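Asks: Each chain, letter by letter, is given below.
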Amino acid sequence: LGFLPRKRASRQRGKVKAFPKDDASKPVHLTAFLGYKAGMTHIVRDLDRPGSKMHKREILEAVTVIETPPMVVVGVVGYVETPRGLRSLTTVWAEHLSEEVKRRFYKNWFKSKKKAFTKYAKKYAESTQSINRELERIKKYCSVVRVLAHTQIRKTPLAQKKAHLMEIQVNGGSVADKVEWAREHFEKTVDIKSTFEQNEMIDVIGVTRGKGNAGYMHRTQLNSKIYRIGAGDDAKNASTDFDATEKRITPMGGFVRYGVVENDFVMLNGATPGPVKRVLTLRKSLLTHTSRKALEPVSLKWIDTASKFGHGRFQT
Amino acid sequence: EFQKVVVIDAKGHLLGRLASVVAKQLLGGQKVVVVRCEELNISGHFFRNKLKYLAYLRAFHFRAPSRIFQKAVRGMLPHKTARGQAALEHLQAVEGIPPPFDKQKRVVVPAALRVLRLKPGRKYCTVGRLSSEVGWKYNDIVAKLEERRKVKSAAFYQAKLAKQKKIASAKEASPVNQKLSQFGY
RNA sequence: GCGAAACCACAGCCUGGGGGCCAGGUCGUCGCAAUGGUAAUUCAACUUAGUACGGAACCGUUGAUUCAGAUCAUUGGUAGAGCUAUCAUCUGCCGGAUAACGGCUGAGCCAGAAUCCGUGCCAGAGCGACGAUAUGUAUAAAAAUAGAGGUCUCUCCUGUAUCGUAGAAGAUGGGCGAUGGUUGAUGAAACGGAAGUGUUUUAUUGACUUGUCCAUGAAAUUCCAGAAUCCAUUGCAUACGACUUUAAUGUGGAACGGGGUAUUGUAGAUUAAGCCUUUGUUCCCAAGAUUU
RNA sequence: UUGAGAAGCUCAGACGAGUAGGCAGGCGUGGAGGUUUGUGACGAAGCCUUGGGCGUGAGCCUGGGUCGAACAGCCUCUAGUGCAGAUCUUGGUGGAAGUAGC
RNA sequence: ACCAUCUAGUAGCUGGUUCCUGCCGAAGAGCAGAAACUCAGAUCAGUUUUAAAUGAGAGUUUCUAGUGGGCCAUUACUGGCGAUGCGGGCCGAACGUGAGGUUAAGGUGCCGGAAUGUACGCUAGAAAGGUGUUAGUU
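One line per chain: the protein sequences are B and O, in this order. With the authors' numbering applied, the first sequence corresponds to residues 14 to 226, 270 to 372, in that order. With the authors' numbering applied, the second sequence corresponds to residues 3 to 60, 71 to 197, in that order.
To be clear, the hints were calculated from the coordinates, so they are not data collected in a lab. The beta carbon of each residue, even a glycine, is placed where N, CA and C say it ideally should be. Treat the hints with caution; some may be incorrect.
Capping the alpha-carbon separation at 25 Å, the derived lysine-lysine pairs in DSS-like fashion look like this [claimed, not checked]: (1) B/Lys34 with O/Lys162; (2) O/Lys156 with B/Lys153; (3) B/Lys152 with O/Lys164; (4) B/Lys153 with O/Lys117; (5) B/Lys153 with O/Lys162; (6) O/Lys149 with B/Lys30; (7) O/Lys149 with B/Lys34.
Cβ-Cβ distance ranges computed for the label pairs, FRET-style [said to hold, decoys possible]: (8) B/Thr103 with O/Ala123: 39 to 49 Å; (9) B/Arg150 with O/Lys178: 27 to 37 Å; (10) B/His109 with O/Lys177: 55 to 65 Å; (11) O/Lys52 with B/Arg150: 51 to 61 Å; (12) O/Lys26 with B/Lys136: 19 to 29 Å; (13) B/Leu14 with O/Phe4: 48 to 58 Å; (14) B/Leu343 with O/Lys177: 51 to 61 Å.
Starting from the given sequences, assemble the full structure and let the hints guide the process.
Replies: Written out as structure tokens, the structure reads:
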């Protein structure tokens, strides 16, 4: 069938089969968000919509929290279009690296002599002309620019300190515009909240939650309704129009098996494949949907911050 | 005259005639490279080869024009034998013209040309368009790359012709060319 | 630890035609996509509209049926957690080419179906980027055969052409004429990304030069032959492997001591176990073994 | 001209599938008689051998290794004389299989 | 029931039956040989002409083995299969070991040895329908 045969995704990150259709007319931006499937909450969204049956009805549905905020944007990777497919013309990151990125590039970072990009960083810093020449070649030859972007696994609260690198292509913008955006975002921390507000239907993807002797299969939640960005660092993660009072998206006393996300989440009204702390692959829709229901935003009135583990109703 | 490596421009050639010419060369110990395989031509209307392929679709089903020609040569060789498999490895059929091959002379096979073998007005199909309809999706970029190579090669020809003008003028300038021109050179 | 026996021409990929015959089927990171599978389905109501002509239809809107993929915020079940419920929730598209059929000029085009192929989704066999470590192997425009190129004019009608081609397998010298040609080694700068691994411009250095004409030598070869893994550790994972983690002197982790957290429950104990979390404590630390 | 093992030598021409079946000539084994002034501890027989040779073949000759006591050619005699099979007889040894199993 | 002889009980039957080369060779009374005789000055014939041509040397008495199936095809006959491999895929061809030459059948785009030969033509291919086509008749 479509999803059949069943096969758990070996890669923790939900490698996107496709990406949103880039267009040079649109500003140089991204079309992905590195979620982490933090948890869920009954974010009551008052669906203020005349004609609809659930007019102004608070939709107390699961706001599937997915930790997604500042993710280390290292550099860019060239991608030239070839008669045999899409070939990576080059891969030029920024001079500045991170221990999490180095840990990701290896498997025994502490055991290893931290040689990851040792001379490469020196070449990037000292031989900047060579980096510029390669960048100039990338801008003049590569058809697409895959903006390299790691994660904040070591930065945000997580046992894994291997930054989830993602070759997020520059969604839109010309070759010069994509290079300039990559240069601006060189050695930066791409914030998922900055990329998108997560206040409407999204194209979140990623592996499912490993049940046992299945799950953990790469999926793509089409038209995944996103309630709001669950900023775990901010006390107002679950604070909404009616709830407010600096409510925390995590359950009172910490979410089950995920606690409180050290950074912003991608809390989405509905389901999201993946267990607690399992890295998600939220992204923009490849196609376009001008549906009135999708266009109309459901006003998030209240939310749920109950100490679900235990007294599933004790919000405070 | 035979040599070790030949590059054949497959445009305007019939599939069967060119493959049969290629197969006989391969079994003779000659390494053969066929370029621009998506410009190959097939006798008969488009639907005829189209129903032939979809019948084949109804074994690995390969859509690329270069691998369409490769199958044609393969059936014309003793593939079940070590001799045939050795010959097949000597054939490099590619679509478009790779840069390693666009700087070398390309020969054509008169016994396989469509102009010399098809009556005028006869309907004929193109492998590239047929492949693009059965699943191949790279003809846009292949065509675009063809224009860039053709433009670059055209500039090279103009530069070569401009350099040729000087020596051509200097040919008759030297009186030796007319002193003993009776030798026929 | 002990330990048979029956049986065994020979052996074990499919289709067709006449089980073997014939013809076919270094490590690691980030990516590419050959190919295979594929998915959505139906109905009701409202607005159209009591209108067009008793009574529609286009569009739009609101919802339901079946099916598919996910999730456990809430509710129920299970003995708080976890699991789970068409008992709970979320999600489930647009391009091309078409058939019937209707048109355009008069074959070649247009319109056209829940059909077909793609977009998308699922799997990833072949590959990409990045990090640390052989007899002279000569010849590059495009498109047409019911036309092209170059400057109203000219050429094509194959390469039987063009470049290089004499030297004891390429020796040793002299003169005449031009600033040549062929190069080996340095120094460079411009170009080539589709598989660019090659194109030039050169500034030198070291050679040869048959461009031309002369001077010596060939012989008896006397007729061909610094990482990864194990141990340990993590639970986003788990039948076991595998995976995610850390894990090799510091948010170091591992353990507890816990706190918080709740449950049941009448406040208490468990107190994360797949509840959180710790300015708390101690322990130990590539430690060895193993493969490249 | 020597070229009569007259059962020898020499000339010519034609011909060549083959089951049942018929005819002929040969190869081999155990023992017998005769014979080779036969072979043998300076190594018989046997066995092994990608060593060599002869014959269309059955088969024979031989080198080397191993071995340690007998053997063979030729002319006749004789027979318990020639094996791929008989779910052959006897012995030995396999795959099944370190499986089923205790 | 058992045990030992009779017993190597009873065979139209089952399974098996051991070296080589050569020559002849069926059947599917006849067909095959051996001796003996009588022999180009002799008779014959899977033959044809006429109401002789041509090929072959012709026969006899005697014995002594094997078989008296069936199948295919053209017209009960005729062949062929069977005891028969080889080239082609029924057609061709009757076989000692070889060298060379040349062919039959079938073939010469490639697999595949061999002309992507030459020339003339039509357009899936190796009861009647069609405003599909090409040559002609009335």
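Asks: Give me the numbers of the hints this structure contradicts, sorted from smallest to largest.
Replies: 1, 4, 11, 12
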